[PDB]
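Each chain, written out:
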Amino acid sequence: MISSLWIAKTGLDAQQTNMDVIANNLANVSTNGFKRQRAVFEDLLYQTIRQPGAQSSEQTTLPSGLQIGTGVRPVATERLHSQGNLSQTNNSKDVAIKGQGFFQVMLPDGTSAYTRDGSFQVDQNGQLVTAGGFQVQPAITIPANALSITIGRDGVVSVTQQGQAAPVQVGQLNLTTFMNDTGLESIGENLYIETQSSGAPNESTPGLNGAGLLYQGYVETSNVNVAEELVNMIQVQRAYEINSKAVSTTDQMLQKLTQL
Amino acid sequence: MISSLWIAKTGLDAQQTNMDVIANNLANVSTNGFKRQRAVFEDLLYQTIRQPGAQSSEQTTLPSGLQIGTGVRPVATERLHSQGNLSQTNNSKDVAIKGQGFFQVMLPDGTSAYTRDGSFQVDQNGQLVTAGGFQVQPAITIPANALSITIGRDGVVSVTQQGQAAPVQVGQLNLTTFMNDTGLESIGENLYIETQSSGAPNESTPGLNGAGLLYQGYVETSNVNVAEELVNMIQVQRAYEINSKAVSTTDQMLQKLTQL
Amino acid sequence: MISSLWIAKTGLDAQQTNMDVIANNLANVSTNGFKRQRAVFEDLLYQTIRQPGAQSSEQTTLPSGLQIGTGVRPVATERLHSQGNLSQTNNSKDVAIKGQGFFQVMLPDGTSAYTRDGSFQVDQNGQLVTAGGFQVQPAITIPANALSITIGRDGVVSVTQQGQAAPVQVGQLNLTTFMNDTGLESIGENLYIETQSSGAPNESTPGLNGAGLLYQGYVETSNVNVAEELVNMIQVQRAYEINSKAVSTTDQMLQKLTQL
Numbered sequence: 001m002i003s004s005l006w007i008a009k010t011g012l013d014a015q016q017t018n019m020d021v022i023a024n025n026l027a028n029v030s031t032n033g034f035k036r037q038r039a040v041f042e043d044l045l046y047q048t049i050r051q052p053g054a055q056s057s058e059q060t061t062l063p064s065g066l067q068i069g070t071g072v073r074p075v076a077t078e079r080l081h082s083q084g085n086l087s088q089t090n091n092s093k094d095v096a097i098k099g100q101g102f103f104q105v106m107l108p109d110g111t112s113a114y115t116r117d118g119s120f121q122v123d124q125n126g127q128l129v130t131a132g133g134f135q136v137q138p139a140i141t142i143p144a145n146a147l148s149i150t151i152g153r154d155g156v157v158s159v160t161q162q163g164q165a166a167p168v169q170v171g172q173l174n175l176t177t178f179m180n181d182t183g184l185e186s187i188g189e190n191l192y193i194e195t196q197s198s199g200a201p202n203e204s205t206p207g208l209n210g211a212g213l214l215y216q217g218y219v220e221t222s223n224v225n226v227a228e229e230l231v232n233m234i235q236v237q238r239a240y241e242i243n244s245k246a247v248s249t250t251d252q253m254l255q256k257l258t259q260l
Numbered sequence: 001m002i003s004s005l006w007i008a009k010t011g012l013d014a015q016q017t018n019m020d021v022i023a024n025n026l027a028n029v030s031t032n033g034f035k036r037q038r039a040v041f042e043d044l045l046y047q048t049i050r051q052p053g054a055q056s057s058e059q060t061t062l063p064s065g066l067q068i069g070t071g072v073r074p075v076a077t078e079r080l081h082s083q084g085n086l087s088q089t090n091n092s093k094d095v096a097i098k099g100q101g102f103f104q105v106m107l108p109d110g111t112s113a114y115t116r117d118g119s120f121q122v123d124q125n126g127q128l129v130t131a132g133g134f135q136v137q138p139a140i141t142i143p144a145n146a147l148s149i150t151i152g153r154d155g156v157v158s159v160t161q162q163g164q165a166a167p168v169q170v171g172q173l174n175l176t177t178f179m180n181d182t183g184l185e186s187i188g189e190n191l192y193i194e195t196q197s198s199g200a201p202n203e204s205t206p207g208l209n210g211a212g213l214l215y216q217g218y219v220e221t222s223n224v225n226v227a228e229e230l231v232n233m234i235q236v237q238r239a240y241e242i243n244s245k246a247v248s249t250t251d252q253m254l255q256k257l258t259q260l
Numbered sequence: 001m002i003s004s005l006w007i008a009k010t011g012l013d014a015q016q017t018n019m020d021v022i023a024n025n026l027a028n029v030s031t032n033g034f035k036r037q038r039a040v041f042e043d044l045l046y047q048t049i050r051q052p053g054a055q056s057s058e059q060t061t062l063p064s065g066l067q068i069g070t071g072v073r074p075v076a077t078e079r080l081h082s083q084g085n086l087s088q089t090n091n092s093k094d095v096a097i098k099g100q101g102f103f104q105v106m107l108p109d110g111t112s113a114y115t116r117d118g119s120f121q122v123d124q125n126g127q128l129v130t131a132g133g134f135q136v137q138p139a140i141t142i143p144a145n146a147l148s149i150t151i152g153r154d155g156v157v158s159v160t161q162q163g164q165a166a167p168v169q170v171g172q173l174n175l176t177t178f179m180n181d182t183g184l185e186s187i188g189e190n191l192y193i194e195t196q197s198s199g200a201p202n203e204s205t206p207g208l209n210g211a212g213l214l215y216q217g218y219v220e221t222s223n224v225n226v227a228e229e230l231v232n233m234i235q236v237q238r239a240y241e242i243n244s245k246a247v248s249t250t251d252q253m254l255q256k257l258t259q260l
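As you go down the protein sequences, you meet chains 5, ZB and 6 in turn. The numbers in the entry's author numbering rise by one with no breaks, and the one at position 250 of the first sequence is 250. The numbers in the entry's author numbering rise by one with no breaks, and the one at position 83 of the second sequence is 83. The numbers in the entry's author numbering rise by one with no breaks, and the one at position 169 of the third sequence is 169.
These are computed hints drawn from the structure, not numbers from a lab. Certain hints may be false.
Which copy? The list can't say, so a pair holds if one copy fits it or any two copies do.
Said to hold, decoys possible - Keeping only pairs whose Cα atoms sit at most 27 Å apart, straight-line, the calculated DSSO-like set for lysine-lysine is: (1) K256 - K9; (2) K245 - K256; (3) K256 - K98; (4) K93 - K256; (5) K245 - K9; (6) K98 - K245; (7) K9 - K93; (8) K245 - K93.
Looking at chain 5 on its own, in the form it has when it is part of the complex:
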């Protein structure tokens, strides 16, 4: 009913969105292959009223006329695709990425999703799957009597059987790189899918033209910096305070008009 109240409401909603993003970032600290998110805001419409640059008088113009702005709105939340610090879990099936590539998995629907988390297991049939049971492609089949699984820097998966001095190659782990890495649609479950803003999936060998190197026994932890989150929590709390105070001040003004 009054403009300042709508503007302050938009400010409150934006600050709540910022706090939601902060809480989501802090809730996924222990998640492997997680990237922290940051929201970016834009100011809302600007009421024209007096067009600046108009002729103030026959020989003079109006410098920077009367523009009344509306509130604020969030544009987008961008991920920070940076290499998190590696953690040694001493497991032959945990794989970490040193560069800028992704693992490809197949959803039950038949479509292909992409995940950076490398905590892998083996199913009852022998294929390498993720923690959610999704099959890593290209299919890597581990045979029944395996003694040790070796995954090299270039993505070759080898199995050393009993009594044979040579290792048997059973697959080849490739990495998919996208032109726009932040444009992927996150569906949860540490899974990102291709959108039209994320270019096209370019398959490549882990060590070639820009795919990262695969480390066995390592996991890529989240890149969330927690002290920054605490400081940003302080900032968000204070901003929400100030916006609520603006709402309360507008409430007090309308009261006097009602009393009139």
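Once you have looked at the hints, place chains ZB and 6 on chain 5.
Only chains ZB and 6 this time, still in chain 5's reference frame:
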């Protein structure tokens, strides 16, 4: 919202960067051929509310006006390329450098990387490789029937075979020197790749125009000084706590302003 | 809308500016060659009302009439140009000034700034530059196959070549001194530009006319005294709280005036 808050926020990030540098230096104490890092900081923006030297009057000039400054920013993290202490492992395959040279190794991609690590091993094919399996170039191969590998102070590699009353030469080991060793980009595995700030790699014999000498049976330990790391730990902890206290002071001032 | 509220606004602004000065000093504790700032405040206007000195009763003057004053405005921030503590880093490229001199650096746009930070680097062409890539004046050039760089206490630079037992002088490092060191305009990046309140640049070699002496392997740390900063926090907080209390009291007075 408050400039003091932003300035403290930066200061906190700068001190966290210092802490991370110290932690990384301490984590690599026992690694051979390591160069400890050091961060350099610089002044951020300077708000010129009142210009220093402004002509306040036709006769008097304002000295040292209102130059309100912003926080701090780390210029870079430069590695200290100094000769670490030599240690005798007493192995024929261990080499150490005395001056400022680099060994050249070949990545699977075909490009050349540079290392100061001297722990060499022969592979199944007999070529000398580093601990990460990267082949030294220009390739030094060693035959199967070699009784002892002798690497001279000038880089001449020889072996004594059964019978052969004379030791045969199987190649020559050279060192690459750079104009600016600090600008080399570290990729891990004790490997540095050249950039445009590191000039060009100059190949030279170990004892010639300024490449260092080669000592056999010696290994170059890291140059990290533990006592300096602990003292810097204390100083960085105190500075970080004080910056956090500044953040708290700004928070309390904002709370008092809001409680109006 | 009421005088006391404007005066309290000015007081709040002054205390906030003091807080920015404190935060800027704190954020640059680890910055090499940093000088701490201090702000100076002055009284604002004084409304005349009854003129002090005007003759009442024909033969009796009026002493100390109604000089109702307005708030406070900060005059300027002045840097404390004192010698910071020297820290030994054992580097051939770190130079520390012990007296009252400045290094001259050329910005690529053509003009020259002045810096006290002595952490110098070598570009791919062999020139001595600042850590931000700015080429120090004069363009001391270092030969390719340098074994040791010696910067003497008189600013002379010597390089020890192989096969030459006598060092060869490759330059001369000078110090720039000013009439007024507080009048330099800080542009960030540890750089000062000359203003008309700082006189003109006086070149002098280190040891004569007053320029300081150059130490090799040492860095001039910041002169920020931190316990003083904490005590200044306590004041900058109470004073701000008290000014906010004055704002609140004026608000209550206006509220009762309105309500009647």
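Classify it for me, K245 with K256: is the Cα-Cα distance of at most 27 Å met within a copy, between copies, both or neither? Both ways: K245 and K256 sit 16 Å apart in one copy and 9 Å across, limit 27 Å.
With identical chains treated as interchangeable, where does the CA-CA distance between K98 and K245 reach 27 Å or less: within a copy, between copies, both, or neither? Classified as neither; 47 Å inside a copy, 32 Å across copies.
For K245 vs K9, is the C-alpha pair at or below 27 Å within one copy, between two copies, both, or neither? both (11 Å within a copy, 18 Å between copies)
Go through the copies and call it for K93 and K256: within, between, both or neither, with a Cα cutoff of 27 Å. neither (69 Å within a copy, 49 Å between copies)
Give the relationship of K9 and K93 under a CA distance limit of 27 Å: within one copy only, between copies only, both, or neither. This pair counts as neither: shortest intra-copy Cα distance 50 Å, inter-copy 31 Å.
Alpha-carbon proximity between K245 and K93, which holds within one copy, between copies, both or neither at 27 Å: neither (54 Å within a copy, 35 Å between copies)
Alpha-carbon proximity context of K256 and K9, limit 27 Å: Both, since 20 Å and 14 Å are each at most 27 Å.
Alpha-carbon proximity context of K256 and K98, limit 27 Å: neither (63 Å within a copy, 44 Å between copies)
Of the numbered hints stated above, those contradicted by the structure are hints 3, 4, 6, 7, 8, listed in ascending order.
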